[PDB]
Amino acid sequence: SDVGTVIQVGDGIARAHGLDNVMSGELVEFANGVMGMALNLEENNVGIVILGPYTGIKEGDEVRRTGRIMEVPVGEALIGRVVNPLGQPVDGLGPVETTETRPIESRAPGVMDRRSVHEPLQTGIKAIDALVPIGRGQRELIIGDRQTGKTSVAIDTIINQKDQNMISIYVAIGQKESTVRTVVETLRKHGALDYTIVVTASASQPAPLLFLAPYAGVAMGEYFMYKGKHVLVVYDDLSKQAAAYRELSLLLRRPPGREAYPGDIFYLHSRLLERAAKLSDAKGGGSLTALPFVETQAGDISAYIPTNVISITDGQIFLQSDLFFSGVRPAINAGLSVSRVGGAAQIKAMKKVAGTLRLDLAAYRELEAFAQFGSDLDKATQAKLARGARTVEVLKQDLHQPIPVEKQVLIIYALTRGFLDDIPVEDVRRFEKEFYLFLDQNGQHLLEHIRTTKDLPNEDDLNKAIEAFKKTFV
Amino acid sequence: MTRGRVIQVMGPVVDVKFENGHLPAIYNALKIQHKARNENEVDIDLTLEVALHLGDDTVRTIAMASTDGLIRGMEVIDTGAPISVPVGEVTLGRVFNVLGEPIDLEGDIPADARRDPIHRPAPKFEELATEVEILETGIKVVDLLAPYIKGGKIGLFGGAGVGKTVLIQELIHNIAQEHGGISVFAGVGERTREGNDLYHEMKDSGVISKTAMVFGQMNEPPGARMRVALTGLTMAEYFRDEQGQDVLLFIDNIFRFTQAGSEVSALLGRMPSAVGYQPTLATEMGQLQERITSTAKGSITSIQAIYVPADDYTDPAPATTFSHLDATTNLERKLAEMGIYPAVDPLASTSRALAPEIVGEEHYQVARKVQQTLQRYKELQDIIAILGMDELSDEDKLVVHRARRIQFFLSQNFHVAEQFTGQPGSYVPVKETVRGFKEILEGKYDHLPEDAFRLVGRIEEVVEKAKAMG
Amino acid sequence: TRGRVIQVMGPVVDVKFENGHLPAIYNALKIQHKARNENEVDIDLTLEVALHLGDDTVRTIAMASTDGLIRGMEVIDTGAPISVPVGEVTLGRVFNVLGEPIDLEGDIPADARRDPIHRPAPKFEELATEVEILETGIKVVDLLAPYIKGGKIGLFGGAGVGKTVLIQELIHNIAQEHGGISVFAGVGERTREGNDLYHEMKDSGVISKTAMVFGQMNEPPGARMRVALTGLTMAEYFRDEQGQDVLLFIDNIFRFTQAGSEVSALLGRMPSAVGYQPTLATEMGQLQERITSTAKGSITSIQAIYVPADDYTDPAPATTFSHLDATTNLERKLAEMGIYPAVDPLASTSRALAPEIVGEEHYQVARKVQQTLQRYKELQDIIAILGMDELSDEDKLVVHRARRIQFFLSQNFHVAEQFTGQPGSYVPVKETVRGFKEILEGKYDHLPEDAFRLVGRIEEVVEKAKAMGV
Ligand SMILES: Nc1ncnc2c1ncn2[C@@H]1O[C@H](COP(=O)(O)OP(=O)(O)OP(=O)(O)O)[C@@H](O)[C@H]1O
Ligand SMILES: Nc1ncnc2c1ncn2[C@@H]1O[C@H](COP(=O)(O)OP(=O)(O)OP(=O)(O)O)[C@@H](O)[C@H]1O
Ligand SMILES: Nc1ncnc2c1ncn2[C@@H]1O[C@H](COP(=O)(O)OP(=O)(O)O)[C@@H](O)[C@H]1O
Ligand SMILES: [Mg+2]
Ligand SMILES: [Mg+2]
Ligand SMILES: [Mg+2]
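Protein chains in written order, with the authors' numbering: chain B, 26 to 499; chain F, 1 to 470; chain E, 2 to 471.
By construction, these hints were calculated from the structure, which means they are not laboratory data. Worth double-checking, as some hints may not be accurate.
Residues of chain B clear of chain F, computed beta-carbon distances all greater than 12 Å [stated by the list, open to error]:
{"id": "1", "residue": "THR207"}
{"id": "2", "residue": "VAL208"}
{"id": "3", "residue": "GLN422"}
Here are the simulated BS3-like cross-link-like pairs (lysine-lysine), alpha carbons at most 27 Å apart as the crow flies [stated by the list, open to error]:
{"id": "4", "chain 1": "B", "residue 1": "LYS373", "chain 2": "F", "residue 2": "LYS334"}
{"id": "5", "chain 1": "B", "residue 1": "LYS409", "chain 2": "E", "residue 2": "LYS369"}
{"id": "6", "chain 1": "F", "residue 1": "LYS334", "chain 2": "F", "residue 2": "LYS203"}
{"id": "7", "chain 1": "F", "residue 1": "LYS203", "chain 2": "B", "residue 2": "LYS308"}
Using N, Cα and C, we set each Cβ at its ideal position, and we do this for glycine too.
All chains, please: the whole structure from these sequences, using the hints.
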């Protein structure tokens, strides 16, 4: 029957007698009151992983089954709060008071439910918006080493959504809690807190909780998508989720795999990442776009988990610490970063300018590799080097200073047509900011034309407006 | 047929105990269909594939669907045969999952359809044929420098985001547009986004009735992602064994077939080997690719794409397939980010049927001159970068002047790229391809600006674009 | 209540409690035996419970060597975890893992307050953060990766790189300045360095502001595991109940994890990673989370971490890297070169290199320095292949000034008087910035590169150049 004694206890895992009617994934609670999941059903024992503080459990304790799957409470009241994988507040401020609950184990949106990704998602990062564009529904991976500007890009993205109508979620897995607090304060100082939710599963938390954290985030994202609102979700590290799953699997004595990872890694990460979608007009047009993060040692992109996640996603943004300390921040390798929705998730003037920009950058990327070493070159060889240097200078921007799209397309129009020829390379950085100010004060009509039209302004007005500023600049 | 109870569940793996002693054979199919008796139970329908016999009337099975909610003691029934996909004329215009159940909402296949077991002994040397027949695609680079062959296996190699799936789709479209033959498309661990895009593109093109589709999605257990290619092949069998005609079979990414095999081996406790790969790797790859043969009746020609992880071709999964290929096509990202589409490397792509007596000697001579000019240009670019175009002598200058135009003219607009650029697309006949390249190599068009050659089809289209630009 | 020992395999023992009562995990058990005959050996031992086995049996990690243990010995249950004497009594004294004092100066009575070592970590509401710089007087840390008060500081390195020299220099300056209670716990250290440090502290008189717990190499794994937790437990009382700011020092934290891995196989855990226990990250985060600054009190924690083979990508250093706020990584190449300390300028980072914390000029100077060093880092590979006469003027200037810079990052140290026979120096941040600004602008190009080696302030650079006769 349902009653049975616990025969083993250790490291957040237990085994139990009885429970002959239990189900796979069923939640189970002990006399201590802590809860856990039944994961392995054997001929005379059940393998249970504990979702809480387990030190109180002893051999001979009776164990009970709840009869349910884990359900995340879902509502509009969660916005701005900080929450656990479980539906319990950890920010103080009392109960969140959600409407109702959803099982976290659910099927994904299927075929013919999705439209093509056509509407942009704006990050305000000139290099990403121009050369690696993203659209609502796209599953873009950001991957790199330590200390190469990874989370500054997610915070920049979430901050910029203030102008749009996006809903955002930040999931932190296996991180130190004071880092969560620092990120929360960074968001709140810039006013973004009201349209975000932060989910915290720190490393100190019992391992099964880190196993359930990404699904905890997607559960709320799905509620908001099916209502019809657009959603953005960030997972700060899938690597720590994989580590927690490997630890939990090894303690259960499941046979190992390539790097001792269990055989269910791809199954689990695909079950997680297939819930991102862009829904059809029949469903309501909602979209749950995801930006997962993966960090792996020493720039070795070739490991088990990195290749799994690269095989599941629609693109990768490759961040290199080599580029960071060279003065190019945020350090993005445009050559190695792949965009599969390049022209479809952009506005028309962005497509038009960015195609030529990428042509210039690809042309420069090879000539620069070796032509600089030979001091003497033909006249036309050096010109492309100068263009590429000005391009890489123009693509750099300060921390937490996101840009609206139209100023981007204006400055890139100035770049591509060669208007920056007179300007020495050092003045180029100041040129962008003073140009932005001058267009704000004088050439507002161009901004209005782009804002209304979603298309490039008349060439004469753009040329006159850009040429006017160059006269003031020194 | 006969029924037994579940005893153990460990994720995808399930164990059954047939107490009476009548055991299913290996690769058999088992069915679980349950209805909840109490409010805590769930309803589940599950398909299990037998993999091992473990003694004392127990068998070990790999599940084809998610195992959540399984309960020890619930009944499993034995079908008595492998997973049987229904085949025939009923599968044209329809989309199925691995189990041969229609994904489309257009309807459900009835009991009338003839059902073919997925697992069947490979054809003998009963009638296998040695004859060689070239298959025309209409793509200048592919038809000129790497012809494909009926019954042969063709490989597409490259990284992520290089142009493989667009090439596969425009191959399907052009085959239906000109040859008019059937095709079958199977996705191994395909993305839902790209599969949806493919269905919508086929509906727009009016091709969905000509082709058939079997879908295997990444969020499914490893075993289904493994078996989807075999059920697609079993679908392709009928149209050349019974209907006796020239069939094609497309495979999305075999890489995932090998990965799913390795993962299933890990779940079964089989000892790893090589770079984490399963013990029985090549016995699986060969058992796949050796049913894809042209007998006297029909070809089952196959075009396949395979993902190379890190620009290195020595990984066991690419290495094993490389021993099966009649023609190989290598797609380069440097081409893909240039204005030259499709991104196919001329020099890295080869075909064993490029022999002069198979393609004809004019074709062979033109191709050889093309490759010679491209190699000389590749060598000379190093000097051009530092010292310029004017340093080299007249012969080298003319060589590069022709080489750039050859590079551009290898590119052409195609009918599936309408979404991406808003231009219609073209098809070039093989004799037209060879004649145009012969005229370019002989230099009938030296005066034309190089921009005219950028993305057009036939050479008279170069003339028309040159007229347009001025 | 008593239980019988039934197994012993090195560190691990297997007590059986058949009385009808069992101990909880983390509890402590006692063995005290009187030798009945000349063969038997008298033994006094304590065991902590680590895992529950099936039949009235627990797996217990021994705190001391297990020699002389006989199957059938009787074990007492204390009913509580390891208790540590907590209070002002800890100041000055030195203790072992079990809580007894090590120096002969006295004993601690029964009436003293004692606390268990195992408890949950602080919650999210309790934490607080700030940006205030903690000046070190060390040019490299001050100018390229400033430490911050209340922030975790990490020293990463393999054997013989300069870790403990930095620990001693920091403890000397900070204990000279700060009015903080200090706790020093040495995990897996050399037992000679403990005595040397004790005598240096007695010379400095800081011993009254310090409490020390010692467990070193010669100890079985259990003490190596629990020693850092004991030191942390003392720092906890000082941070919270007294409400006094505290410093916690731990040298080579790694041996906490290493001792856990060594006994892991004895505990029935399947292997993982490079031999490590499956439960690595859980335990490391469990330790590291308890070391935090709350609103009640603040802990400035300075830690040193060892790498088993000097591969920073090793699992244990990789997991720890995520818990730090400032890191200095020391690697052997700089030690070989003669520049000290061995901190890597281009891989050591802190959360404080931002104009809103350190100011505009400081941030610009630091980033420009790093840019010059990376340019020379690639230029080494270029120069090896081409030679040093093929570079242009600016490329030559880069090498010149990078050579001038990485020497100036070397400083004459105070605690390095024994090793090199030099006075030592304390360099203020403003002087470091002024000197580096002078360097980057080329104000001191004429000086030979030897003049810049192992000096405190740029004025000493000019003095040494004067000594050279230039
Ligand atoms: N545009 C920029 N200009 C200058 N510095 C920048 C810029 N963007 C980011 N940075 C710096 O890069 C770092 C990014 O820190 P962050 O913690 O977000 O990175 P991370 O790669 O996720 O780190 P970790 O591997 O430690 O988790 C910070 O030091 C920040 O100051
Ligand atoms: N600033 C310095 N100037 C001169 N010599 C130094 C300096 N710092 C360290 N050394 C030399 O390098 C040695 C490094 O010994 P140290 O105790 O610092 O090693 P460590 O990095 O802590 O290594 P371990 O982990 O093996 O204990 C010193 O004994 C000394 O000889
Ligand atoms: N003829 C073409 N012109 C422009 N872009 C193309 C063309 N063919 C493919 N692409 C690009 O390829 C991407 C589609 O992904 P694809 O390359 O087909 O998948 P895979 O990753 O399998 O190579 C799109 O972003 C599209 O821009
Ligand atoms: Mg982080
Ligand atoms: Mg593809
Ligand atoms: Mg040491």
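Next item on the list: Would you mind confirming whether the straight-line C-alpha gap from F:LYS334 to F:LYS203 stays at or under 27 Å?
Entry: violated (32 Å)
Checklist line | Interface exclusion of B:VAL208 relative to chain F, criterion Cβ beyond 12 Å | finding: holds (30 Å)
Checklist line | Minimum Cβ distance from B:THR207 to chain F greater than 12 Å, as the annotation requires | finding: The claim stands: B:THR207 keeps its Cβ more than 12 Å from every Cβ of chain F (closest is about 34 Å).
Item checked: 27 Å limit on alpha-carbon distance, applied to hinted pair B:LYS409 and E:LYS369 -> holds (26 Å)
Margin query: Can you confirm whether the C-alpha distance between B:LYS373 and F:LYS334 stays at or below 27 Å?
Written below: holds (25 Å)
Notebook entry, point to check: Closest CB-CB distance from B:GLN422 to chain F, is it above 12 Å?
Noted result: With a cut-off of 12 Å, B:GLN422 remains clear of chain F, as the shortest Cβ separation is near 23 Å.
Check: Between F:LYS203 and B:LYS308, does the CA-CA distance stay at or below 27 Å?
Finding: Roughly 21 Å between the alpha carbons, so the hint for F:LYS203 and B:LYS308 holds.
Violated hint: 6 only; the structure is consistent with all others.
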